[PDB]
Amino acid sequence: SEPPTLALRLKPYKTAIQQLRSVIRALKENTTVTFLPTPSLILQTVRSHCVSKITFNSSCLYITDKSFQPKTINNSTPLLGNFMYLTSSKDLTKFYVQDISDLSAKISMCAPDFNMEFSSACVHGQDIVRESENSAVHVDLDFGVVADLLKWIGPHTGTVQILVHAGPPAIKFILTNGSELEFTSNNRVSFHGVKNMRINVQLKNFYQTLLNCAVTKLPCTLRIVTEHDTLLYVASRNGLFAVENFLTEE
């Protein structure tokens, strides 16, 4: 009778997008929203050498029928504009996606004397970057430390080089001007395996990577993967979502 349905649980979902107000507003037209039957909801923004991804905890999602097929639509929607931003309305009383067609997702949203329904074309030909769980250098950073890096890059623009040292453990951040901000192994930075590795990434993709993780106001886990090409991984999460970023060398 009814089609496969993926509903959002609004008490956790509405607290997550309020925490994400800053990021939800600065998405651009390169941003996809993917619905999976895990259940999972994934926001992805792909760019030149950077990929950021926000994954809502299954805590926020409820799925009717696991034969729901994966849907990926654009966030920039032909009449409503910013789809995610429009789910941050505080009037929202019901929010679910149905799998009617193989070509489109049907989204339903309610408010007190209002109900809307729309259908966006599915994008077939988009992938979602995954954390390779192999990592050569793995470094946890205090949220206080992340605020320090933010306040130190807050006038951008340039390039940043991230060096990580073995004995003793330390992570250092050198800028194209010269300025260096280093942290040593204390109680604000944990080192899960830091032999000697270095990456070079665009400074504003690193700065924006930090703004995304800072929305959780918790620790971030920074890593350096040496697989295909030296990839910088920067992630933070809370009990409602997880922010992941993937930057490659310049």
Second form
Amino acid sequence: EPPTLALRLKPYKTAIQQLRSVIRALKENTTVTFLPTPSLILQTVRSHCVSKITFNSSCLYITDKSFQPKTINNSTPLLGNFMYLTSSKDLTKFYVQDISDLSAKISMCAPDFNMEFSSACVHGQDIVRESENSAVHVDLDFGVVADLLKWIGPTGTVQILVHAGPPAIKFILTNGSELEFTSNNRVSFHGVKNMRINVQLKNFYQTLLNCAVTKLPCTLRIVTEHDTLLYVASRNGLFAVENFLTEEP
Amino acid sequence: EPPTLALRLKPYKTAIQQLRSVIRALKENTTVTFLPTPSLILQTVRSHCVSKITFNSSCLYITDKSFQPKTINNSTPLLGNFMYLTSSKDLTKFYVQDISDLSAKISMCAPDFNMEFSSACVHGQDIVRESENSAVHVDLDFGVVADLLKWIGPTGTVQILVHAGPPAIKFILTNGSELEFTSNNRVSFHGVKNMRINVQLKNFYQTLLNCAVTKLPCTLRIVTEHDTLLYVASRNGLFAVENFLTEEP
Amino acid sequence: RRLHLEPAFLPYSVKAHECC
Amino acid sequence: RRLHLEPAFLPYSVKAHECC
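Got the form solved without the partner chain; any chance of the form deposited with the partner chain bound too?
Below: every chain and molecule of the assembly, starting with the one above.
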């Protein structure tokens, strides 16, 4: 039996339903990485934004740890959106086998059906990762995230201003409207530094929506180790949603 | 090597593109039958209408004639619309193997991909077939079909009246509007008998649209061997479209 | 036998196996 | 290497094989 990575259906099904919106909107700029951890990472790449969804160990089962990491594009030659297909309510078994170093053999089952598909592997795919520490790090209650979404929602940029002492975070719109959160029971400020970044409103809003699916707190960090990036993430017991946005001039 | 039925892609691709509308609208009431003829039959069943699409020998290739007829529902457990999937512009190989008497093993290829699926077989499926001769048989130019479509188009029933001598065919609407075609260069009357049938306008209109995809003549017959049925069909060098409608009270 | 036909169509039908 | 990241993201990325 070749190294096999299987999905534990109960939690995996719960997970994709919460991510339905995200999964359904995936296009051609997304990769799926299967790791022997076990782990499943979906990474969507845009010019100034990288979105990543990581399913944790509780959603997977791995037999043999010699399973070589496998990466494929989500846009499959005849089936189209791969992850969307795994969201089918009929799915009863889903597993990936490491037969060749060149492809991933994916098997799926449903009541009186079974299917197998071999997808060529992508080599050297770069996966964006959250930095150890950073210039700014704030945690926000889900309710704060909801406030931000409500305030922004139905091009342009949004300025994110962070203040030292007392700690504070402000979101500024081009029209001179500002939403601020001071240190209190709804937001925890770990690392703070006086700085202001500018990000694309659309990607920022989209990032907040992606994180909101957890209905749990979010983390916002501004990293300056290299080029300035804004990091917005949230997680639950099944997956973690992470987004990295670059600055707009 | 097990008995294999393969699709000759050039003509098959030409065929499904002409049938795009029909293929895309298929739901849960359609079966796909693979025959060693070779032949591929799609049959859609409704209460007062049965629609059948038969792909001829020129669209298929069969190795071994001991290939047992295989029938599956078009609505596949995870892939959804089976025939729609075969319409993918990326398809480079499509074949069905007769491994077991219980299922059909379908294989599909695309540039750096290959997929296989096993669909449980339907047993004892009844396939409606055109009768040797009939009470009425008229052939109509495509232009006549276009006139009918234009006249009806943007519930209710439509009366079809046929006259003996001189031969004539009339389509009557509830609002007292009638469209008639007399024996001439556009319509050929083979068998005629004085009779009038009533069919559902919706299924009739839909039947005309299905036949119109050939841009070639149509055949209209009224069969009375058993229960009265209206038969409307058309064909080209790749497939034949046939519809059987029952009478409305 | 998956898709059942209304009685009116039965006499005009044949089993898939005896088809062409 | 399928999906290329803009230069700004490269230093914050690792290859899929050295991932968790």
